Amino acid sequence: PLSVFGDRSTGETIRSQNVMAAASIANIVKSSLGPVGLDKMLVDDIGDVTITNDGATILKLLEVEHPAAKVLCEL
Amino acid sequence: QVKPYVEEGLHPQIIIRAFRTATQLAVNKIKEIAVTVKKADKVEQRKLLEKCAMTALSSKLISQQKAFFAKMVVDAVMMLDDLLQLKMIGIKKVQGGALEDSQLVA
Amino acid sequence: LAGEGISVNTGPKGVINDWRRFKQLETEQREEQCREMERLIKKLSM
Amino acid sequence: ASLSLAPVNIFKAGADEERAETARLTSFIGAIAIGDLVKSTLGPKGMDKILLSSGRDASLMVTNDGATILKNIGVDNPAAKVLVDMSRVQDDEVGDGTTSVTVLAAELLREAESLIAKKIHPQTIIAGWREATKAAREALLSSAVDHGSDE
Amino acid sequence: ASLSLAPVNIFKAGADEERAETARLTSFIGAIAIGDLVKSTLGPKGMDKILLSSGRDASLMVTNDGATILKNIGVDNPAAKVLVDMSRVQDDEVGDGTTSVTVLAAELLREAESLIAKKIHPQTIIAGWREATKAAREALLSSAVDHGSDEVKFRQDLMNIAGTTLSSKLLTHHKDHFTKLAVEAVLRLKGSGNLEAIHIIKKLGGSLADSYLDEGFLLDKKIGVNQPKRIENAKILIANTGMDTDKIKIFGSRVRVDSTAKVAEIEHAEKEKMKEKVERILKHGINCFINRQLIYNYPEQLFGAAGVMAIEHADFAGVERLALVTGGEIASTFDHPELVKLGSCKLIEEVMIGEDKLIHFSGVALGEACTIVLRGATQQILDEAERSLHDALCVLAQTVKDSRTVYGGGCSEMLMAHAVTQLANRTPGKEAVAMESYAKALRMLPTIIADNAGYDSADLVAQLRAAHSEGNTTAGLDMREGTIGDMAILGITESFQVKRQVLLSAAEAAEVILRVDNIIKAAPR
Amino acid sequence: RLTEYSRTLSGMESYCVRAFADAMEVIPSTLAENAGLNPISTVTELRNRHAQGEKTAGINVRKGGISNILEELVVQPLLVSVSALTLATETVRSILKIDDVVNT
Amino acid sequence: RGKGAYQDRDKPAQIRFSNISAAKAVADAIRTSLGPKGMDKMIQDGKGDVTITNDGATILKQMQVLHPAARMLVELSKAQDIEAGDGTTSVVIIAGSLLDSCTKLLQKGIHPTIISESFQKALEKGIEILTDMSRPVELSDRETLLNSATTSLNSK
Amino acid sequence: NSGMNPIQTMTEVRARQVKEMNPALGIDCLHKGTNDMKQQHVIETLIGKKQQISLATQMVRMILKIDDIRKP
Amino acid sequence: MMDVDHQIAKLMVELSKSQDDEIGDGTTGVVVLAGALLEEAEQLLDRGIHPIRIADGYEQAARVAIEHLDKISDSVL
Ligand SMILES: Nc1ncnc2c1ncn2[C@@H]1O[C@H](COP(=O)(O)OP(=O)(O)O)[C@@H](O)[C@H]1O
Ligand SMILES: Nc1ncnc2c1ncn2[C@@H]1O[C@H](COP(=O)(O)OP(=O)(O)O)[C@@H](O)[C@H]1O
Ligand SMILES: Nc1ncnc2c1ncn2[C@@H]1O[C@H](COP(=O)(O)OP(=O)(O)O)[C@@H](O)[C@H]1O
Ligand SMILES: [Mg+2]
Ligand SMILES: [Mg+2]
Ligand SMILES: [Mg+2]
Ligand SMILES: [Mg+2]
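Chains as they are written, first to last, in the entry's author numbering: chain E, 4 to 78; chain C, 107 to 212; chain X, 48 to 93; chain B, 2 to 152; chain S, 2 to 526; chain D, 435 to 538; chain R, 19 to 174; chain H, 465 to 536; chain U, 80 to 156.
The set of hints was computed from the structure by calculation and includes no laboratory data. Just so you know, even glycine gets a beta-carbon here, dropped at the ideal spot from N, CA and C. The reader is advised that the hints may include incorrect statements.
Unchecked claim - Not everything, but these chain X residues come out facing chain D in the computed CB check (under 8 Å): (1) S54; (2) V55; (3) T57; (4) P59; (5) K70; (6) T74.
Work out the full structure, taking the sequences as your base and the hints as a guide.
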């Protein structure tokens with residue numbers, strides 16, 4: 004009846020999805036906090052290597068699709 | 107409820123022991139506070155069975171007719187001898203007719 | 048057999064979503080084809 | 002809200018339904034097509050058809066019988082199926098009239114199409130036609146002449 | 002032996018050919034389909050259509066105009082193409098009558114199909130139809146009434162004609178207001194026929210009844226940066242000069258020197274030339290300067306310093322309408338100020354219409370150019386209001402040109418048909434049958450009018466037929482409640498030109514389609 | 435008020451005006467929803483309060499009930515409700531005057 | 019006087035029902051974005067652009083609706099945005115509810131022209147009622163203007 | 465289906481039923497000039513009507529109780 | 080004979096078949112009545128009523144209607 008060319012998620016589904024995305028972005032960098040935190044190594048699928056511990060750098064280098072995850076990245 | 111504690115690296119054995127202890131205590135409490143009547147009165151036993159059946163049925167599409175079906179179910183069960191075998195309570199489904207049209211055949 | 052002027056009218060107003068969804072992939076493959084044809088036979092013909 | 006013209010789809014793949022306009026249109030087209038096919042083979046000056054079978058043997062058949070013409074055609078229009086069955090039953094009951102009955106039915110349905118276009122409820126048409134059929138049958142019976150006694 | 006049904010093949014791939022019966026079948030089917038589609042949008046109770054485009058933009062139109070429905074559809078039946086072109090030419094010649102002419106042609110072709118089924122040569126049908134058209138045209142011409150001399154009666158007839166034209170359209174909700182508006186707009190042209198002098202501005206938002214005819218003119222342009230935004234007793238000068246890097250038209254000219262000082266001198270000379278041109282313009286003693294082309298920053302500055310409202314980039318239509326409304330002369334040279342007439346209006350100011358700003362010319366001098374502001378709730382509503390108003394304005398302009406009027410509501414059609422029947426039952430042969438079919442189509446027109454309203458069309462048309470045969474020549478369909486009434490009293494009036502054009506065009510198209518016995522299609526590209 | 439007005443009409447016109455009033459009753463129901471309130475009882479209480487004469491009674495989301503809203507400082511300009519009513523009615527009439535769809 | 023005119027088409031009724039269904043669906047879509055307790059929606063277009071908004075006009079414009087009735091409602095919301103400035107959700111909800119009522123009205127055998135005239139009469143009466151409910155305001159009273167702005171912002 | 469106006473005829477018949485206590489007044493579908501189904505000899509079995517109402521109500525309840533669909 | 084795929088359409092088909100089996104007449108009245116009941120329930124739900132409450136109200140009204148039917152019944156030989 005609505006007939007919109009796309010996909011619609013309503014209610015608890017989209018909220019849980021946003022929380023999933025934010026939690027995934029958190030867990031990406033959660034292991035790199037505090038003096039006992041450890042650095043991460045990144046590959047740009049061409050051979051470039053970037054060993055880093057900075058959260059902003061890690062989140063900027065990753066390519067992300069979900070919008071809430073993007074919100075946390077730009078945060 | 108225990109997900110956050112797992113997330114912060116709590117050993118699963120502690121959680122398992124806590125669940126076992128809580129379950130044992132809860133089951134003991136249920137057995138202690140459960141209500142029973144030591145009279146074995148036929149009228150009261152029939153009423154208790156009917157009330158239990160009504161509570162069991164008061165969530166299905168036949169909840170509007172839960173008194174009728176509860177009475178039928180209690181009668182059917184009490185008509186069983188000593189093992190209460192399920193195969194001695196036949197159930198026949200016939201298309202067409204209201205719910206109240208359904209009957210128990212003695 | 049008459050009424051050849053059907054004028055399908057309301058038909059493709061309710062079934063528009065499926066037609067557009069399939070046409071999007073058709074045009075995607077068309078753009079891929081238009082990108083790869085000039086690679087093919089264009090110089091191989093000579 | 003029509004069965005087919007609703008946002009939810011209630012049919013399998015291949016099923017379809019035709020509402021008032023479309024149903025009447027297809028029925029009238031099929032009936033008129035069958036009637037126009039069988040006619041021109043009517044009366045003393047009628048001509049014959051050729052029925053070319055499409056099978057392996059491809060049997061040939063030139064004929065003037067209305068029932069024979071209507072039987073050996075693949076009609077997909079269901080109203081055409083009704084008229085074909087009517088002609089076949091007419092042949093079964095009596096030998097002749099297999100063309101006349103089909104032509105009469107087609108003409109009646111063409112007039113019915115005109116009447117529907119003139120905003121007349123089909124039930125009114127049916128009632129009028131029942132009365133007309135009663136009157137016509139009575140007149141035809143009254144006009145009958147018998148000669149069985151005289152050898 | 003036909004071309005297609007011959008043992009050898011004479012055609013390219015994709016080229017086909019349809020002989021007599023098949024060609025007639027396809028032509029009649031297509032024409033009847035077109036007529037059935039366009040009808041049901043006829044008369045005071047006709048409904049609209051939604052024209053959903055299949056293109057990438059997917060334009061949406063909600064219309065009652067027959068010509069717009071017919072032209073904006075993918076048509077592949079050649080006879081349907083004939084009818085579509087007929088409707089378009091009808092729209093070009095006069096405003097209304099598109100749906101009527103299409104429906105009349107369709108009904109004539111349906112009757113012709115029946116007649117050919119009755120074993121009548123199409124040439125006999127054509128001869129009978131020519132006689133019938135002559136009779137109907139003579140009857141309608143004798144039925145016309147002219148009120149051009151009587152001023153008040155002519156204005157009343159104009160109001161009735163506008164109301165009848167707008168009755169079918171969406172503006173029927175505010176028929177009174179819009180009829181008054183359209184009549185005033187046409188009368189403001191003072192006899193000129195150019196409908197381009199009437200500008201219709203569509204502004205989204207606000208009710209449809211909020212539409213109004215401006216007492217002056219409204220321009221959708223912008224004033225300069227340092228220029229006055231409000232001028233009283235304006236002496237407007239309308240021009241079509243360059244005023245933007247105005248280059249001398251000797252296109253082979255170039256600047257060639259040996260020092261940058263000379264280049265600086267030459268650019269100073271160019272700026273001085275522009276300043277002298279602006280001084281010459283100001284020598285006319287003007288308040289507002291309206292230019293067709295752009296105005297660059299230097300002349301804009303010069304006008305601002307002189308306190309002159311310099312409206313820039315008003316297209317040819319803009320300057321033409323301003324000249325019409327204010328009486329100015331569109332000038333391109335300023336060496337003779339005394340030979341150029343200036344426009345004049347009491348006040349120029351900026352107004353808000355919704356969220357936009359428009360220039361308002363109030364208290365204009367001549368006023369032979371109108372601006373109608375259309376307000377609506379949807380873009381489709383605005384477009385349909387514009388189309389309906391265009392129909393009304395076209396018909397009113399035609400009536401002003403030719404003041405002969407005939408009564409609508411089926412009266413004219415049915416008196417035509419009565420004359421056709423009188424001629425038909427007086428001639429021998431099958432031409433009489435063809436003429437009776439002609440009259441039958443003419444009857445079928447108000448029959449469709451009555452069907453669209455849910456009335457008892459058969460009884461109403463029979464009553465009208467009896468009334469016209471008994472001498473009551475002004476009877477017609479009263480659609481207020483569904484009886485027959487006096488079109489003279491009820492004030493349902495039509496332009497004589499519209500009905501005559503409808504009849505003749507429908508007869509011509511039916512004749513040209515009927516003569517066809519073979520449709521040969523080339524291989525499509 | 436439109437229900438009361440329709441009670442003074444007759445024929446199909448009265449039914450149509452009653453339907454108009456019932457349709458207007460939807461905004462308070464949507465406001466009662468989205469706030470956790472019981473929409474049916476909340477709308478019923480609003481209607482009763484307005485019938486008793488409190489023209490300013492409205493849905494109070496702060497206290498989770500119905501009370502005078504001028505004390506809640508919830509006001510809006512007239513040319514919002516008036517404009518919405520007029521434009522919605524115009525669009526509904528325009529849609530009603532439609533009986534066919536044609537693809538170009 | 020007999021049965022009456024036979025409605026032999028039934029396609030106009032189908033078109034009216036389809037238009038009403040589309041409009042009601044659009045309103046139901048924007049029902050949860052109303053009031054101080056409404057919630058925003060995330061719209062992702064054909065490109066990667068992402069919009070979070072409570073504005074009814076923006077929601078309607080940002081998602082292509084593909085149905086003629088829904089497109090007319092989009093233009094309706096745009097027009098209300100132009101003239102009034104806000105209340106763009108309420109106008110769409112009102113139009114959807116009116117057409118939803120038109121469903122049951124048309125099923126009862128009322129021509130969709132008596133419905134239109136009756137709706138016009140009801141609109142005139144409603145405008146009279148709303149004007150009677152009004153309270154005069156002057157711009158020198160900063161308190162009322164502040165309250166109006168705060169009320170407008172309460173839902174964002 | 466009989467061509468009469470639905471709402472007008474239904475409202476008139478209901479008002480007549482309320483005014484004069486005759487539960488036999490129905491829709492004169494055959495246009496016999498009277499609404500009295502007892503006089504028109506239109507008769508239906510009580511079991512049929514009771515079954516209609518019962519079955520319709522139970523199936524409507526069963527449909528209303530469904531709030532989830534898991535088609536493959 | 081209708082070739083339906085929607086499950087609710089199958090439920091309507093089964094309801095009509097049940098009315099046919101038990102009674103043999105009125106197989107069209109049940110379907111129309113069920114459609115009307117659901118149509119009214121739609122606008123009831125739009126106002127925020129739990130569908131179970133709607134079903135309970137329908138059951139209560141059905142009991143009232145059946146009692147009335149028994150009351151206004153007429154006997155035949
Ligand atoms: N010699 C004749 N003169 C006039 N009419 C005839 C003659 N022979 C047959 N007919 C008419 O032809 C009609 C159709 O007969 P026919 O062409 O055999 O087809 P069918 O009998 O199958 O309908 C009959 O109604 C009959 O009246
Ligand atoms: N108030 C009215 N009463 C009776 N007939 C009318 C009325 N208004 C218009 N008509 C008729 O409706 C017909 C169709 O007019 P309209 O649809 O406006 O333009 P077109 O002629 O292009 O279809 C006209 O021939 C006119 O005679
Ligand atoms: N604080 C509030 N308490 C109660 N109702 C409110 C409050 N603020 C706004 N509303 C109501 O919410 C309705 C919807 O406004 P809003 O959600 O901003 O969208 P729109 O203004 O576009 O309709 C308005 O009719 C208004 O009466
Ligand atoms: Mg024979
Ligand atoms: Mg016109
Ligand atoms: Mg707001
Ligand atoms: Mg029966």
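Inset, instruction - Go through the numbered hints given earlier and state which of them the structure violates, listing their numbers in rising order. - result: 5 and 6
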